[PDB]
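Of the protein chains in this complex, one is absent; all others appear in place.
Should a chain be cited, it is by its letter among A, B and C, assigned in written order, with residues numbered from 1 in that chain.
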């Protein structure tokens, strides 16, 4: 009843993915070996959405691990929780993609994709009623970007009526993590706009800011960042996995958050993120949560919502709380900050409430915002792309793999059109 | 939190500086290795004002040692505490200055200055929030005077918003140490008037007098003399470095003590001053301390404050003492000695109290007087300059290094103007 | 319900704050960790379970003074986010406080105030603690008040401002700071309570028999007065007065909003039990110039309005009697346009005493807030001080260097001249 297929592509995809899995198993009372040692029957009731039950009372993630490189996979395998995964669901290459989209989509990735697809199909066929697929990856490398897009294309073709969603780590404003990241992102985006239902834009810069400024972590580690992402992911499926008062799922969220097919790029947020010293002085109740959620400093995308308008916003609350109170809070923010919400979608705030809180806490809240401010990010990428492409910099790395300039050009054009579309609705009355 | 950069130029500058550093180490519980072996947490709270924290519980002075000859440097290195310094922060030439300002400012100094500057910049960038710079040097030699002034000029250019203060060893009126010292002082002063924010005038004649007459030291050594200077210096930063009731700093002092930009030449003073025998026969209380402070025999500049007026006086007290009493004392001195204080600056006394006393003592006081009497010194210098320059004595030593008469003339003129200005405010009603 | 938000600015403001919050804790039985083994609620919010947190913000432009709070006895009492510090102080320079350095944290401070205010259901207004003389207390405070006026407005604002003494002083440029901040804050503040260190020291020496009073003692004394002002909100009383009422009573004209505070009885245990402290006796003590906390003589001025706040074992009839006799008294002259000059507040709760304090434990006390034409003298003095230094442009370059313009000095001075004349005008009796 309501099976999801999880996919991890590349280093980032696999490291985030592992953390996510760890979180989920902890939630459902599953230990590193796959055995249930939980306390409530609620933890097993809807286990099947993410885990297959094998013989001898063990549970195994409905998870596929994919990479063109063998090192990160090995690391994962050696980690705490590495042994929970089905060994046959690791599909890894030997070559790598050398941070080249072409290699991921057309060459190395192409030679590996069928093997992945075979596993994926099998997984789909195991399941009674497939909800869809979640893909975790970056847009800046070669496998996550090129291979990931390929996977999306094929899966979508196979299963057009199941939901395809992505948790995409997007390149950042200040630092350049790679040289050719603009190419890789731009190409990826072109496919995503055509072939995904919804895309969660996670940006590491924003994460850093959150960790340093809000969480008061002088020295954040990548693990910590990954944890936040994992928590957000968990937030989105909590209403599908547990009893609640007002129950959302992936389809309903998509319907509420996507008013036009192409405009499906979310800025996700999580509340409450607090320091160790700062926890006992504030009362973690719904109002606090609300105050935390709707501000620039707590958004995981490098863009200020105050630079655009919110098209739609979904808030998903976990814990035992007053529905009335929640609704009041939602109303209040809309009323007082009227100018930040586009006026042709009345009551553009959607609510979900699940009775099961996350571990250690009395309550939490997870935020999905579709803001026209995200266009700034796209514009930046376009500009960066153009600056390089106009001088044909690095181009022979991609053309060498069979790619033509026309493909690049088309990709650019598509990106530009999307930005224009975003602008139009930002400006509409 | 408010980092200070320490600079030492020439033999005197380096000898004073070493002593100062030693004094500071003792205060903050730092041993000859750079390890903290103190007891109070207050010793480390503000340790970053003077020390950089190195890897594995070491503390290193934010100190630059500069000289055109290597002998003094070598001595320092071999001296007690020599090993505490960063080896790369000793920047020394091979030639020497031969007591020639020209060589320090234009020739040898010019060849060395960039190396100093590079270190300085690095040090500045180390610090989160640079308060400014303290330079320890003589005016009568070639390096401290010529090179030091050049350094000041460059530092100012680089960092015009950070405060530059100088502990300046000035030529005594009675006994000239070196033959060309009037030239060297005069040139130095030209630079100092435009480029330093505050200048502490120290004369060895005063120091000797204090040591023999007040401290009852039959045979003072230069080290002992330098200790007085160190005490003054430490006293000046005490409010920045420790908790207190009313907390002064370098900026505040400048604001209180400098009513006009050029008139920033202080006569520093210290109390108490007591022999081994003579300490037990009189109790150290606030009023006694105040009395000790306000007289000619206790001033570190050989000029009688009774021959001028005080524009401003800052007193900084260290130890547990009652504010009320202090205030009363301050009022009393103003009242009774009305004729020695300028009439157009009411409440010309600035008071600061720091609760942490110096070592060995229950209470102490450091005094900063901005007196129109310092004009005497300048007049004397002008006279001495004139006596030599009108006959062009020794001139070829300076002109041989590229200097011209015009420069000298302008310097002289500037000095005379300053004197005139001092006189005008002394005489104003 | 009737919440009050306290803001402590600069060294004086912070140190006084330390003394005030220490006192409040003792009064409500709140331990230094925020725990207690309903009245508290106007000053303390409640968090989680069995913890109470001051409705307060501490701000200074340097870290040193606030760092003491962080590391001190009441480290756990205050929420870390309400302790705000910059890097560099305002160096006794209004400009640095108001512009160059203040502009770096003002937004932050205000944001936190907004968060505090959003948790209030019946916000009465503010208590602002600072000095006139410091660069932060003068420049930052003025800036802050301006913002407050814009963002809140009609919610009341109250200032405890440390006036410089006539003879005693701390800085050289105190006059400049005092003048500018008074000028800039005047139209933005509703009521400002002056207190002067010299006067309090004198009180300590004469009335408490303390040879050597510390700033601590002064702070403690100030805390008493503040408690009396807020006791009407923190406890139940017979006749009650709330922060809005004071401004209505004490301020007859918008610009003339400077009363003065006087607390009594201030005595020691050596000299407490050779007296019996009746209402008449303490009232008379209060209304005599020797017990005043401003170095000014009401005998040389006129009274415009008094508010008397009594606390503890008090009987209304007795108070009325006491006041009646004071009305007759030759040494108390009141302005002609004011037939009735006393608002009276009476609260049942005695002033409770700080362990290890200089004051003796008494059955009753009184805090007078009184408004007097005698304050004109102080203003005149300050103006004179300003003019002496300004004629020579002494220290001016500092201020200009931080972006202040010379014309603003003259503007401030003229405004103060006008203020001085306003007091004078008020002084005279009505024609016919």
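In the analysis below, a residue touches a chain if its C-beta (ideal position, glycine included) is under 8 Å from a C-beta of that chain, and two chains touch if they have at least 3 such contacts.
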### Query
Of B:53, B:205 or B:407, which sits in contact with the chain we cannot see?
B:53
## Note on the structure
Which of A:70, A:82 or A:357 touches the missing chain? It is A:70
### Residue touching the undisplayed chain, where the options are B:39, B:41, B:88 or B:404
B:88
### Message
From the list A:82, A:220 or A:259, pick the residue that touches the absent chain.
### Response
A:220
### Query
Since one chain has been left out of the picture, which residues of subunit B touch it in the full complex?
34, 52-56, 58, 60, 85-88
### Task
Extract the touching residues of subunit A with respect to the undisplayed chain.
11, 69-72, 75, 94-96, 98-100, 174-182, 205, 208, 211-212, 219-222, 383-384, 387-388, 390-391, 393-394, 396-397
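Convention: only the chains that are shown with their structure count from here on.
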## Note on the structure
Distance between the CA centroids of subunit A and subunit C (whole Å) is 55
### Query
Between subunit B and subunit C, what's the gap in Å when you average each chain's C-alpha atoms?
41
### Message
Residues touching two or more other chains, restricted to subunit B: which are they?
### Response
none
